[PDB]
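Read the single chain below, which is given as structure tokens and is the form deposited without ligand KKN.
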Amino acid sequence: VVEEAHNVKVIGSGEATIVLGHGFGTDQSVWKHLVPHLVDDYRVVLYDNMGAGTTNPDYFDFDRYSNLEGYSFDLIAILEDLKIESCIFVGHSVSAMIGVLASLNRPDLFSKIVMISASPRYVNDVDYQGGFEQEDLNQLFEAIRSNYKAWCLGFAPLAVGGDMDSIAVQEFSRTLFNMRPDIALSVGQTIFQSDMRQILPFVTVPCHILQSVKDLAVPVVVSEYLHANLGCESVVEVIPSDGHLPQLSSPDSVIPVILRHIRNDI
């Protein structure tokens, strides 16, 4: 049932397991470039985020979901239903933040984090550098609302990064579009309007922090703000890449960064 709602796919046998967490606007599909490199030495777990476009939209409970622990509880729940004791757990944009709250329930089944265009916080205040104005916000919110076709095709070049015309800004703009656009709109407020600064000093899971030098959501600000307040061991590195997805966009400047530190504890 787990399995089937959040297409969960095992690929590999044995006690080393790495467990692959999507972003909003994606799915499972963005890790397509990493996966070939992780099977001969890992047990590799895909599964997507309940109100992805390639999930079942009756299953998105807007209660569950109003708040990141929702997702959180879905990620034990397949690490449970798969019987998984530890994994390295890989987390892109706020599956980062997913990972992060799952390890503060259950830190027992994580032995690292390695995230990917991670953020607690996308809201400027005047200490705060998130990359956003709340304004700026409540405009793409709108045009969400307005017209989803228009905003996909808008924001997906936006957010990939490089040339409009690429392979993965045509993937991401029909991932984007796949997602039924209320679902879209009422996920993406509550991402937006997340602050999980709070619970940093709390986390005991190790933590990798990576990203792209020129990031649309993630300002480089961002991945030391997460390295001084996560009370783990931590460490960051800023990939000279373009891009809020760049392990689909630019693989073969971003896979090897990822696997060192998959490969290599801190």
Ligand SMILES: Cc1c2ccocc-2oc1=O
Contents of the next structure:
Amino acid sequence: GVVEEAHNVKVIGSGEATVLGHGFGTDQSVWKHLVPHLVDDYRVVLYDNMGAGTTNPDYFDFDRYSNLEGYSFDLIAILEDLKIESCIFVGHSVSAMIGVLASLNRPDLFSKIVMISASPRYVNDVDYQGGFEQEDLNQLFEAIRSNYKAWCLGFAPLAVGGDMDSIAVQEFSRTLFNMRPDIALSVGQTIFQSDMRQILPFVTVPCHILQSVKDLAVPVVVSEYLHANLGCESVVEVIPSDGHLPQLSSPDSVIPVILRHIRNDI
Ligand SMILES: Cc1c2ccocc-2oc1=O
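Mind pulling up the form deposited with ligand KKN bound next to the form deposited without ligand KKN we just looked at?
Complete assembly follows, chain above in first position.
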């Protein structure tokens, strides 16, 4: 169907036991080192967020995606079209919050959410550390629109972490620059200025909160904030890894942690 085509949906396997959503600047390929260990036990569903470089820019409705809710509607639509009545949802970065929002509307569709590199709020205030002051964000946005290619080349090593010459850095630079520059600026603004803190107490689906100990966009205190304020049962595990896309750049240390949280309930 057109929704599935538009999001490059892939379904690997069959059966009841069953979804992985990616973060800004990448696409479903971010899961390449995780998927091989899932396909024997689960029906695996991959999809791309609207606005990813692998998607048609004509379908990027700026009003629809001006709030994270637009993306959660897309997720629910995919689940409905595939006739999935229950899934484990694994969300990277913004997709963790997209999954959370989707679970507020349709908690019946999710048995568990596993979050990788998640944050409900990036901007600091006097009683909250998200990692960024508004002035930092303003300069980032300014850099994006002034020269997108240059911004991508400087940002990718920082976001990915590790060696600046790595395959993961090269690959993230590529998917980042694959986004149309106006869409990249708009999505960046929407995400980096989001605030999901206030809805956390309303979450009912259990959540596993995982992140790298060194993450450019997610201070460790954010994981504890999520744990303290989510209304569901939750658990946190901070991984001895570097990077915002650790499942791609450091799979040997990260994949075993993600698998434990997928396979084991709280
Ligand atoms: C989520 C996220 C960010 C949030 C705020 O600033 C820079 C970021 O780079 C990212 O990948």
